[PDB]
Amino acid sequence: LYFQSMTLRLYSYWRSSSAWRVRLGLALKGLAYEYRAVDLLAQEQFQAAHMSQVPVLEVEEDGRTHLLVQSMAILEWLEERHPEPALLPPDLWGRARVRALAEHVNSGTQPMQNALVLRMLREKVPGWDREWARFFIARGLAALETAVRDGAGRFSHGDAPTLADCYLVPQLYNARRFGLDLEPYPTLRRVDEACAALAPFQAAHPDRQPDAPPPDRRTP
Amino acid sequence: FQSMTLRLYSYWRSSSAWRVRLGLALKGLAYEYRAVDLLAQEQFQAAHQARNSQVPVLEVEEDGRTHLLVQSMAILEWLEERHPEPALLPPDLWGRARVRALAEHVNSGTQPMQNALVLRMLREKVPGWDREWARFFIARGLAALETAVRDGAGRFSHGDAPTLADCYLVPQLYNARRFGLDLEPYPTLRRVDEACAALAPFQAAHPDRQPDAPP
Ligand SMILES: N[C@@H](CCC(=O)N[C@@H](CS[C@H](CC(=O)O)C(=O)O)C(=O)NCC(=O)O)C(=O)O
Ligand SMILES: N[C@@H](CCC(=O)N[C@@H](CS[C@H](CC(=O)O)C(=O)O)C(=O)NCC(=O)O)C(=O)O
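These protein sequence lines map, in sequence, to chains W and P. Residue numbers are given in the working numbering: position 68 of the first sequence equals residue 68, and the series is strictly consecutive. Residue numbers are given in the working numbering: position 11 of the second sequence equals residue 11, and the series is strictly consecutive.
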């Protein structure tokens, strides 16, 4: 049953792009949740000098707890459980398109720049991790720019936000982090600007999260 | 009215394409097989900064319009929505989320690490690193997947019928074997793989049955 007293708890790190996607689905659906910070920096530093993954959406209903993992799985659950406002359109072609744009990020871009990948690159070849990240992010953004520019609306798919924007916006933030020039992706930059003006996008941004450090205490 | 026709751009040994071959076979859907010369393609990509594209692509024509569906997971979701029976997702919200997470552990969490471009770039910087990396990341993904699958598996990854989860698992185990990984540490994955292998659709989708497989 779609029991209505579910409470939600998100395990999140302020600048995790994977967690940010889920923050965006939650914000866009107008869903309240408890923020449970997971300090991935502390865990990295502790593990170095010698498991907890993000996102996890914990759903509690009357003494039963469900732990939902994988951003895409979590977002598809949100869309089934709370269908309005829809972040997938009702037509099947559009659904496939939106899922493909999400997957270009989910599977095609982010994994190549995740923190474990980058750490293992730069252990073998100092400095190369950031060059690698820029290469693979640029490749993913080029695929997106082409696939989006196709009959583009104001957003990645039509004239309202969808799951595709939930994946695009955090990925462009990571692109900027690594110093990738975004000049070649004008459609993506336009979409990013349209999203940035919306209250739910503002709410989900890293800088607004409970665990966000001030600017002068952030690593690159 | 032009009724729906399916054409799959595939390469016999591509795990991403195989996933979609499994969805199509499980649903009893005929399709035209369109072979892609992936090895020639990847040689070009490597020499040209991979600017040029991926399989699978499912080309669908209906009512005079053509749709090119990309990304295995998006294609498989479309097949499940467009042709519901037999179902490759469970009916209940919690089981759907579990099956999608299992699928994504492979789709986003294991296969990208071992993508031919990723391994070529490693191999260009440090010869042999590609093998070490693939083995590390596939084993890591499979270890996590074993734990997750064991909590909910029946005969198959989720309960007692095949689901999208098994469409991701089976090709990924075949790739693990290509990289020489011991599969002993994943007994649940192996038992599920064996249950799937016995089924006609899995047999039909396997690399060795495809038109582009070597003699
Ligand atoms: N495909 C998964 C990706 C999850 C993921 O990469 N999570 C990272 C957070 S995203 C972040 C990079 C980012 O901002 O994209 C990273 O740490 O890699 C993580 O939890 N790392 C800690 C760990 O595994 O122990 C998903 O979509 O949920
Ligand atoms: N997340 C995507 C993955 C697609 C993918 O990696 N496709 C590979 C084929 S899968 C294969 C590796 C495999 O067997 O997994 C590989 O050759 O990299 C491909 O077409 N590469 C050529 C290119 O990018 O130009 C999807 O699920 O469709």
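Calculated directly from the structure, the hints in this document are not laboratory data. Heads up, the beta-carbon is just placed ideally off N, CA and C, and yes, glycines get one too. Don't take every hint at face value.
Partial selection, computed: residues in chain W whose CB lies under 8 Å from chain P [stated by the list, open to error]: (1) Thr7; (2) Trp93; (3) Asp216; (4) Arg217.
What follows is a list of derived Cβ distance ranges for each label pair [unchecked claim]: (5) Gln203(P) - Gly94(W): 49 to 55 Å; (6) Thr147(P) - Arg9(W): 20 to 26 Å; (7) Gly63(W) - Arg123(P): 20 to 26 Å; (8) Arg122(W) - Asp37(P): 34 to 40 Å.
Okay, the hints, checked on the actual structure:
1. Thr7: Check failed: Cβ of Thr7(W) comes no nearer than 16 Å to chain P, outside 8 Å.
2. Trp93: For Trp93(W), the interface hint holds, since the closest Cβ of chain P sits about 6 Å away, which is under 8 Å.
3. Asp216: 33 Å, violated
4. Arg217: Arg217(W) check fails; min Cβ-Cβ to chain P is 30 Å, beyond 8 Å.
5. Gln203(P) - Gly94(W): 49 to 55 Å: The hinted range 49 to 55 Å is violated for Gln203(P) and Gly94(W), with Cβ atoms some 35 Å apart.
6. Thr147(P) - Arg9(W): 20 to 26 Å: 22 Å, holds
7. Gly63(W) - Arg123(P): 20 to 26 Å: Given a distance of about 52 Å, which is not inside 20 to 26 Å, the answer is violated.
8. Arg122(W) - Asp37(P): 34 to 40 Å: Given a distance of about 35 Å, which is inside 34 to 40 Å, the answer is holds.
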